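The chain below stands alone and is given as structure tokens, in the form solved without the named molecule.
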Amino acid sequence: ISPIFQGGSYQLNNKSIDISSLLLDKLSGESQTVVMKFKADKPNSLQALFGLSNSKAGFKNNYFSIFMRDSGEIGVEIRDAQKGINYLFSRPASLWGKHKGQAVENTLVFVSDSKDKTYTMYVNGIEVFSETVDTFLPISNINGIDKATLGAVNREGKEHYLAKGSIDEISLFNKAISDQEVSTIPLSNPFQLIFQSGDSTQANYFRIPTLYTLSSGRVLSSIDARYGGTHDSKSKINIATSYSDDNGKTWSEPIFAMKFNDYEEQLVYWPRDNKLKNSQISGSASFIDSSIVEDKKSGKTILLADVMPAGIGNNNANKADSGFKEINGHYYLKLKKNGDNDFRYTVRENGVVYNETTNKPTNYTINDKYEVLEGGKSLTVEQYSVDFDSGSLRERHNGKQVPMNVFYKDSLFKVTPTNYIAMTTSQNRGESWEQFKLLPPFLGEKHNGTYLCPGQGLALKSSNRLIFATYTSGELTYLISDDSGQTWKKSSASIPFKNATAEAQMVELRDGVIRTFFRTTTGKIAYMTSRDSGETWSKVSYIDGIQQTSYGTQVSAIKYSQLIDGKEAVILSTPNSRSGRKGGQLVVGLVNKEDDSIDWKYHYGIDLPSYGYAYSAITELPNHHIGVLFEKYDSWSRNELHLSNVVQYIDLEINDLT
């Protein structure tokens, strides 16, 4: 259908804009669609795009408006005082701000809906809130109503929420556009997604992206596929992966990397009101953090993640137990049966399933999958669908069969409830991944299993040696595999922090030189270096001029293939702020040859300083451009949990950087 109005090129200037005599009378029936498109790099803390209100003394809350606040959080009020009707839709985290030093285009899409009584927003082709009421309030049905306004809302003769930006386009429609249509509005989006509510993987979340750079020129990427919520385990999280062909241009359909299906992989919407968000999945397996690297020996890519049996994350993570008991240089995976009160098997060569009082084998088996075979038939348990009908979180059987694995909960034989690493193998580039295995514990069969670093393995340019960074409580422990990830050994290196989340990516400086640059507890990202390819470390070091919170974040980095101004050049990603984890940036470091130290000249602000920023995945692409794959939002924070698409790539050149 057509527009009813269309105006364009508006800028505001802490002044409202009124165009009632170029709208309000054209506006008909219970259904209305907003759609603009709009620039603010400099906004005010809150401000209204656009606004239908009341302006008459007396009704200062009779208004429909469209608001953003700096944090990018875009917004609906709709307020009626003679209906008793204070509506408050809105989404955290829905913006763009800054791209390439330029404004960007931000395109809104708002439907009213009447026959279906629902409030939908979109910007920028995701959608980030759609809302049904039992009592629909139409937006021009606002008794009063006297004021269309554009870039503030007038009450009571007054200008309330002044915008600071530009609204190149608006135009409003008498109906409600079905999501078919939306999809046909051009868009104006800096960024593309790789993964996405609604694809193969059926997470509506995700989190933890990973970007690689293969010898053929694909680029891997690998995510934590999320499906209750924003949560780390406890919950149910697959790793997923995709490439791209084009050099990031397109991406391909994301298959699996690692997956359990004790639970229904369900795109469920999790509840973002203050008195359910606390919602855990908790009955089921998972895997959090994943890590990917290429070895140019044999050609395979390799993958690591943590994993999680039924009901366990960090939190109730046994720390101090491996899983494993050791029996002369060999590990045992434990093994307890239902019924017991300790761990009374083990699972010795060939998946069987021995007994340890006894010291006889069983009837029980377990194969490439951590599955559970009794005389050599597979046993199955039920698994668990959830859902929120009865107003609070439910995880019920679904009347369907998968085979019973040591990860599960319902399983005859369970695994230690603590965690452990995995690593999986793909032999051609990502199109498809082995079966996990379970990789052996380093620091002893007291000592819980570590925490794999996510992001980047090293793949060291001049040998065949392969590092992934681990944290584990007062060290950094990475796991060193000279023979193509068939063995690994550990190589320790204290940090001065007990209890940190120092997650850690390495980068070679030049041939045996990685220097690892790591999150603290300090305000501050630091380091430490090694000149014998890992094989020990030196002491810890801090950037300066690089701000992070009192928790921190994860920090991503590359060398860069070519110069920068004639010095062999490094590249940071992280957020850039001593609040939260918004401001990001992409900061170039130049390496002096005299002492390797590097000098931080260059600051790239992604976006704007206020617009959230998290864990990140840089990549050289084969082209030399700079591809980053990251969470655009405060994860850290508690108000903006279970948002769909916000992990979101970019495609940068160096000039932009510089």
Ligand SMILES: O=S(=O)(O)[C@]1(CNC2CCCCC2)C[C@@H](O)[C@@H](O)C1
Contents of the next structure:
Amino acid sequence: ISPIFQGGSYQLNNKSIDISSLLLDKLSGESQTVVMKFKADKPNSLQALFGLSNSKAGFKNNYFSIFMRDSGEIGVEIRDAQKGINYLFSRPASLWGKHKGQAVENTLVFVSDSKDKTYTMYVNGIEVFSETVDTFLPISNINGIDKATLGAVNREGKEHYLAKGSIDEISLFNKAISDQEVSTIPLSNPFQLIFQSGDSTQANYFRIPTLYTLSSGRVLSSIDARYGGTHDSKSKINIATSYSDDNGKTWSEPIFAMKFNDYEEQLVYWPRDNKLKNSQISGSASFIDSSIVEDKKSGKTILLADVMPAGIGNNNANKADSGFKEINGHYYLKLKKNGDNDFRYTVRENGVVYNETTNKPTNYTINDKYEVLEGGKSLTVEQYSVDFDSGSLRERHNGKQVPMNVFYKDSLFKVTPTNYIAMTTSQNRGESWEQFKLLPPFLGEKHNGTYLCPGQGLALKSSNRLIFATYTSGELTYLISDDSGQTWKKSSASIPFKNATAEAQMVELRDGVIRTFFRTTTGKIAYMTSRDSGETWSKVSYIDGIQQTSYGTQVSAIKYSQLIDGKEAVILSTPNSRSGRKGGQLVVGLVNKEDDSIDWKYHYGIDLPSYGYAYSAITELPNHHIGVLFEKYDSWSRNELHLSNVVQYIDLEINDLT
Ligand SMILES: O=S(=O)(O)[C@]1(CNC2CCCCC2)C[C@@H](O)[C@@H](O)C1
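Could I have the structure of this protein in the form deposited with the named molecule bound, to go alongside the form solved without the named molecule above?
What follows is the whole complex; the chain from before opens it.
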């Protein structure tokens, strides 16, 4: 079908443009699609892009509008006072503002479908909301419509919600165009997606991106595939990965690096209302926060992540129990058997389950997938699915059987309800992953596992040493391996913080010199230095010149391979704001060779200061561009929970940053 209306080059400068004569006599039938290509790099706090209204006195609540906020939110209102209808649909963090110094051309598509009674909004190729209603209100059937407006809504002859921006193209169709059709509309996106709703992971949500450039030139990314909305554990979360062989132009279909099957992989639209949004999958095991390094020695890629047993998260994990019994030099995974109130068992060599109370072996063994065997045979549990059919979250058996895992709720033998760190490896650069193995405890029998710092581990240039930063109360705990991850030891570095989420990332400044940058509770990013290849660590200092909130945000960090301004360069990625997770920046620092101090010389704004930017991943692509994969939303805000396709990837060049 053809647009009944098509116009462009509309400058919105706090003055509505009336297009009533061009549009009103052509609105026909009860279904409409609006396609709008627009820019808004300096929007007012709340502004209408498009409006259809009854403009007469006494009918100020009879209008349809497409609006946006300076937070990046997009939405519509559909109101008819005589029909008693006041629909408001919206989603935070739906828009781009600027990219590489220029206003981004957003592509917006809104479908009002009478036949299915559904209102669906797409922005930049992403469906941000789709709402079906009992009583449908066609946008052209609003009682007394007599004005079509750009850059405002006309109410009682007055302009409301005045917009600043530009509508470069707007088209209206007297049809609800299909999802298939929407997919054919040309986009001008400054970003691409690696992980996305509906892909192979079947997670509707993603969080905690990573990026790492392998020696082959392949770029690898890992991520939390989060099923129960965007909530941290407890939940159902798997670790997924994808790789690019063409400097980030295209990405492979995701696979799992670490997964559990106690709950079904379900694509679920998690409720965003104020009654149900804290609904949380509470009976599932999960992985959370992954980190990647490549080992020169073996050529293996190594991925670590936190492991959470069923129903466990960092809020309810036992802080005073490692889950391992130390017996003469060795650490054995403790198990509790159904019926017992204590942990009377351990897993010894060859997976044998040993009764600690009789000092004798049982006929149970644990396999390499942490599954339970009895006399060599696989025990099973019934899998769970989740639904909101009853108006609240329900977790229930679905009739499918899966291998019994010691991390599961229904298992005969259960691990200690605390957090662990697991490792997996890949021999083919991310095409497949090994079964995970638990790392040993590093802080004794009576201390929970440390928390993995999301992002990259560090492979030292002049040795085969591998380092993964972790944090716990009062210290950073670096996990160090010199034998391709076969064995590990800790190096503790005290930090003057009680129970801080001290997410840390490292760069090798020069041979044997490591600087770690980390999140704090002070509003400032901190750092410490090793000249020991990680053996010992300096006192803590702070970067003055970048602001975080009181609660802080993960910071990603790389050492650039090329000189900038004749100096060695470190690039940081972080929100730069004392209010929320927004105002994302790359910050380029130049290293002063005399004291290893860094002058933070250039700040590049990823998008508008008011637009969302949370956890992030950066890596130098093999062609010396910078790849950035980041959460484009405020992942702290309780208004921006459960958003799909907000983890996005961009390509930048150094000249863009300087
Ligand atoms: O120097 S490495 O530590 O092996 C690494 C890769 N360096 C190449 C050097 C050549 C250009 C691309 C980046 C940097 C980290 O951010 C990881 O991406 C791995």
